[PDB]
Structure formats: C-alpha cells, structure tokens
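Form solved without thymidine (THM), single chain, as structure tokens, below.
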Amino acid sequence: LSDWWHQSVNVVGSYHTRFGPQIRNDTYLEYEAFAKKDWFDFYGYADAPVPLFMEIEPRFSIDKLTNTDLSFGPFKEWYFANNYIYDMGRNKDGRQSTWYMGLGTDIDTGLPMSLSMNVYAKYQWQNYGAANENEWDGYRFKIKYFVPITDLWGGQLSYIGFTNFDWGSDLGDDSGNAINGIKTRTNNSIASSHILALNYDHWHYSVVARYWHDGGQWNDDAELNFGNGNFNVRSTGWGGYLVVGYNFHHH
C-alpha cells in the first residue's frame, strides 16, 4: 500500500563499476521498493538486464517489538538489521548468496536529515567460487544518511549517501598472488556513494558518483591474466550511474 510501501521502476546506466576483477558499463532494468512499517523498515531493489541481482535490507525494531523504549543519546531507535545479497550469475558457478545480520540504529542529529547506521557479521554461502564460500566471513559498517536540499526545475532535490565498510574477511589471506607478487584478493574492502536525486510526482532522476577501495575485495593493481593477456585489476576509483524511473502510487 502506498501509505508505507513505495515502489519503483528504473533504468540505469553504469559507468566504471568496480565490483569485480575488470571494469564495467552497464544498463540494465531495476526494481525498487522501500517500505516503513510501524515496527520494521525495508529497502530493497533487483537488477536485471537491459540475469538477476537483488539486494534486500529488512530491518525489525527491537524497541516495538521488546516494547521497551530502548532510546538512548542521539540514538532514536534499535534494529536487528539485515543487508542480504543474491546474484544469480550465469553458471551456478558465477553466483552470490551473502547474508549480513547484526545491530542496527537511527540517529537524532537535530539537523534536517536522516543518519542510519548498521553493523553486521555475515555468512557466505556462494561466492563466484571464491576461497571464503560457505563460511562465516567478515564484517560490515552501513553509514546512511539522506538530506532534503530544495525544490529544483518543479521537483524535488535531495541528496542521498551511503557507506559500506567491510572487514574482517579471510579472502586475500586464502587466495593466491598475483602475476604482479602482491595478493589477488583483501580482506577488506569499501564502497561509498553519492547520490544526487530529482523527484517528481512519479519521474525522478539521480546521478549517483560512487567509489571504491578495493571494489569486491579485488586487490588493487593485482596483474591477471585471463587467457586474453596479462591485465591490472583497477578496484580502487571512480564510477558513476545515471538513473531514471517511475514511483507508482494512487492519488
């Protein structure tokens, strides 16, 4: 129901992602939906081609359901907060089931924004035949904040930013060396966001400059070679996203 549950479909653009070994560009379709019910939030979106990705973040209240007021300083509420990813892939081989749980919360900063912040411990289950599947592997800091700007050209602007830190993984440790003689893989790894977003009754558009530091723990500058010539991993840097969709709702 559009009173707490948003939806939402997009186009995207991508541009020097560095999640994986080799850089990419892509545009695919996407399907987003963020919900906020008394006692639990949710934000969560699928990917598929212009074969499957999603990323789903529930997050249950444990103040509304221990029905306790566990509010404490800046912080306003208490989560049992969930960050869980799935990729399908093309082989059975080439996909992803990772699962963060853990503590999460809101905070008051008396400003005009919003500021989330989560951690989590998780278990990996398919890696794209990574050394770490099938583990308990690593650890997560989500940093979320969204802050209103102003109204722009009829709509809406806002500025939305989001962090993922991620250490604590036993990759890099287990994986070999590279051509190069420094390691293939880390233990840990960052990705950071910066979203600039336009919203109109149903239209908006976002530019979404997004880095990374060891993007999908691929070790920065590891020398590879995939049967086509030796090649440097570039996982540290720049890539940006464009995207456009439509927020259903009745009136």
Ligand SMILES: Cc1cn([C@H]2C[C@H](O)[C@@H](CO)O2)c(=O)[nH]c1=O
The other form holds:
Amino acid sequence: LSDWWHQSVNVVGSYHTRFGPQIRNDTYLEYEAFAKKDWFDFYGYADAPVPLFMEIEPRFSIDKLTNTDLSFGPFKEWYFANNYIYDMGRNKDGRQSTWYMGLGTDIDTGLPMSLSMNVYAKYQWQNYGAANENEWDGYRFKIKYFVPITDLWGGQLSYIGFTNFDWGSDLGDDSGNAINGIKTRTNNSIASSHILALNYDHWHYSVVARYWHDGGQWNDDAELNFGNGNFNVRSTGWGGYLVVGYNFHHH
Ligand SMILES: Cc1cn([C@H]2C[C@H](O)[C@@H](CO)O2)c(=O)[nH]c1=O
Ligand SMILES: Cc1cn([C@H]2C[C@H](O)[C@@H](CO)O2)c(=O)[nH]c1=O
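Show the form solved in complex with thymidine (THM), please, because up to now only the form solved without thymidine (THM) has appeared in this conversation.
Below, the chain from earlier opens the complete complex, with every other chain and molecule after it.
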C-alpha cells in the first residue's frame, strides 16, 4: 500500500559495469521497492533484459521486536540486517545466490540526511562455479546515506550514496593465477555508488556514478584468455547508470 510500500518500474542503461571479468554496458527493465513499517524496513530490486537478477535488503528492528530501547549515542535503532543477491543465469553454471546477514543501524548525524551502517557475515551458495561456492565466505560492511538537496525544475533533487566493502573472502587464495602471473580472483572488493536523483509525483530520472576496486572480486589487471585471445581484467575504475522509471501510488 502507498502508505509504506513504494513501487517503481524503471529502464536502466549501464556503462562500463565492473562486477564481471569483462567490461559491460547493458540496458534493462527494473522493478524497485522500498518500505518502512515500524519493525521492518526494506529496499530491493529486480533487473531483466531488453534472464533475472535481484538484490533485496530486508532488515528487522531488534528494538520493536525485542520491545527494548536499544537506542544509544547517535545510534537510533538496531536491526537484524540482510543483503541477498540472486542471479538466475542461463545455466546452473552462471548462477549466484549470496546471503549477507548481520547487524545494522541508523545514525542521527544531527544533519538533514539519513545514514545507515551494516556489518554482515555471509554464506555463499552458487557463485558462477567459483571456488567459494557453498560455504561461509567473507564479510561485508555497508554504509548508505540519503541527502535531500532542493527543488530543481519542478521536481525534487536528492543525493543517494552507498558503498559495499567486502573483505576476508577466501577466493583469490583458492582461485588460480592468470597468464599475468598475478592471482585471478580477490579476497576483497569495493563497490561505491553515487546517485543524483530527480523526483516528480511519479516519474524520476537518476544519474549514477559507480566505482569498483576489484569488481566482483576480480583482481584488476589479471590477464586471461577465454578463447578470443588474451585480455586484461579492468575491475577497478568507474562506470555509470542512467535511470528512468515511474513510481506508483493512488491519490
Ligand atoms: C549488485 C551486484 C550486481 N551484480 C551484477 C550482475 C549483473 O551483471 C548485474 C545485474 O544488475 O549486476 C553482481 O554480479 N553482483 C552484485 O552484487
Ligand atoms: C537507491 C538504491 C539503488 N540500488 C541499485 C538499483 C539500481 O540497480 C542501481 C542504480 O540505482 O543501484 C541499490 O543497490 N541500493 C539502493 O539503495
């Protein structure tokens, strides 16, 4: 319902994406959803081409549920936090099921913005047949913030930023080496997003700048050859997205 549950369908164009071995630029339909109802907040999305990829972020309030004011310092609340990534792929081979679970919170910066932090431990199921499949592998720290800016062109301009820090994975150690002599995969990785979004009653446009450091744990510069000759992995660098979508809600 419009009250708390927010929906939106979007068309996204991406440029120089870095979660895989090779650089990519795609376009696709996306289904987004945000929600906040006393003991549960949520954010998630599903992408589909011109098979299916989705990432959901559900968190449950340890306060509301434990009916105890865990409030302390700038820490307004505490959550059982989750970050689940799923990629259907074309074969059980190009599939991914990742589950980050942990502790998350909301910070009060006294500033006119929203800020959240979450630490997760994760269990890895399918992962494109990589070495870290089916096992507890790595941790992740997620920091995200929302910053209302002003009213620009009749709509409302805002800034959304979030970064995912991953470390302690066992891949990279367990993967092989490249032609390069350097390991192919990586134990850690960073993906930082910066979003400038324009919102009207229903339509919205967003520009997204995104930076990877060893994207998808692919060790930057690793030299590989998938059968078309040697090439070097470009997993560290920028890429971006253009987003046009429509938010639904009765009047
Ligand atoms: C956010 C995210 C996206 N992706 C990639 C897979 C697809 O190339 C694309 C789908 O949005 O994003 C990952 O592999 N892992 C992630 O954690
Ligand atoms: C706003 C937001 C977007 N995204 C995703 C949705 C799109 O696939 C991409 C660019 O908006 O980032 C998140 O992963 N988390 C968020 O909180």
